[PDB]
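A single protein chain has been omitted; all remaining protein chains appear in their positions.
Chains: A and B, in written order; residue numbering restarts at 1 for each.
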Amino acid sequence: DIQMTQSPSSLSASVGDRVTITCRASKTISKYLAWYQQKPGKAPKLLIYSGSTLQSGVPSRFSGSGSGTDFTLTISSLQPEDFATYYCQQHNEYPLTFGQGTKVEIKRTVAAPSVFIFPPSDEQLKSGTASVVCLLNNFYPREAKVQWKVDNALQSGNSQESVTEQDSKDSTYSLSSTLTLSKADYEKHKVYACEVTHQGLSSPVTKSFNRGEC
Amino acid sequence: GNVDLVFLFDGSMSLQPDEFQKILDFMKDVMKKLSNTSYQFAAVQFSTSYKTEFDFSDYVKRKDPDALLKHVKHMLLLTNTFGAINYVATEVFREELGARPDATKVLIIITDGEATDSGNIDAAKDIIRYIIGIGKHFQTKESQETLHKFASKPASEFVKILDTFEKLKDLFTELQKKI
Partner (left out) sequence: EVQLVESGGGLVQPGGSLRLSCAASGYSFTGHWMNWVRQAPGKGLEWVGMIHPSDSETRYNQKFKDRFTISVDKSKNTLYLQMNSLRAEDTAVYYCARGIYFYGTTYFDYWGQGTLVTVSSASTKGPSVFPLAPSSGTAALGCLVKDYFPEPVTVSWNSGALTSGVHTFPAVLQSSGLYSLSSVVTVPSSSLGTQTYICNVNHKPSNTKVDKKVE
């Protein structure tokens, strides 16, 4: 079989930069290499085939080059819409083998997270569990700290985060943390806080609420 | 009574995978109509060299134009229309490949560009020859007139120059109200 090796595994570039993704072949495949763009949750999208042929509909800012073992996808003038893992594929022999993909992420200006906090619902309490949700909305870079505090007791190991994939337009990230407790535990304490550290914030930001109030 | 028809279709580097695809679909729609009938077919791709994609005894076994043409690949080379017609005259119209000696010889040539070679097609003189030139290369009378030496006489009836590949659909319906 033919091992397709992509370079690099991931990257970050600012809008309007030259992105050069290289795909290399186990052994010669003439000019028959194809590039795919896969967006989050969506199916891969054909960009290039036969090494350098642009598909109909794909912007000419996408360019394939190469013959034999060494191939290069060059996204010239990167765009915010251009966030989406790129896969290469050989179409010279069977079986058809893909690369492993390169995440292309977008550098932009530092953006401060907006912080929102959600007490548990009374509906969920009727069931023996309390979920407190902290929301960090539209920020950059992706990297942020969330500290869960219950009456100034740090909560570690009983929270779970999620980060949204880059905004295809705007260019930011969003994060959602869920602190989960028993009803008993929840109704035993008053101050529920979410301490957020981010590069965009001058100093940590806290958003809290008092139980039996909210 | 019965006729042996060969599709001699262009596969040069000037065709776009969509335009190549439309020609392939055209040849099928024709076969599909001329089925349950005393016709049998063969299809040859031409560019720099020439390849029988399926012959007559392939057709009379398979019958399905879709299954018969599924292995076709785009040649993406030149347009040697002279060497192509000679190849169909000497290599394809043989009973080795399933051709009938009583059947009349018909040739449908489909191209989107002028011949990249020279010579004559004297070998194919007893073959009825239709030629279909497709758009933007035959957008001038001079170029359209180059296809006349390939077709049967008179050109008035054996040459069709189409404006666009989307017009291969139009042409098919023409032949449906025809006898």
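Methods note: a contact is a pair of C-beta atoms (placed from the backbone, for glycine too) under 8 Å apart; a residue touches a chain by one contact, two chains touch by 3 or more.
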What are the shown chains that the omitted chain is in contact with? A, B
Which of A:152, A:156, A:162 or A:203 contacts the chain that the document leaves out: A:162
Option touching the unshown chain, where B:51, B:74, B:137 or B:149 are the choices: B:74
For subunit B, residues in touch with the removed chain: 17, 20-21, 24-25, 28, 62, 64, 66-67, 70-74, 76
Contacts from subunit A to the absent chain lie at residues 29-30, 32, 34, 36, 42-46, 49-50, 55, 87, 89, 91-101, 114, 116-121, 123-124, 127, 131, 133, 135, 137, 160-164, 174, 176, 178, 180, 209, 213-214
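Quick note on the criterion: only the chains that are shown with their structure count from here on.
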Rounded to the nearest Å, the gap separating the Cα centres of subunit A and subunit B is 52
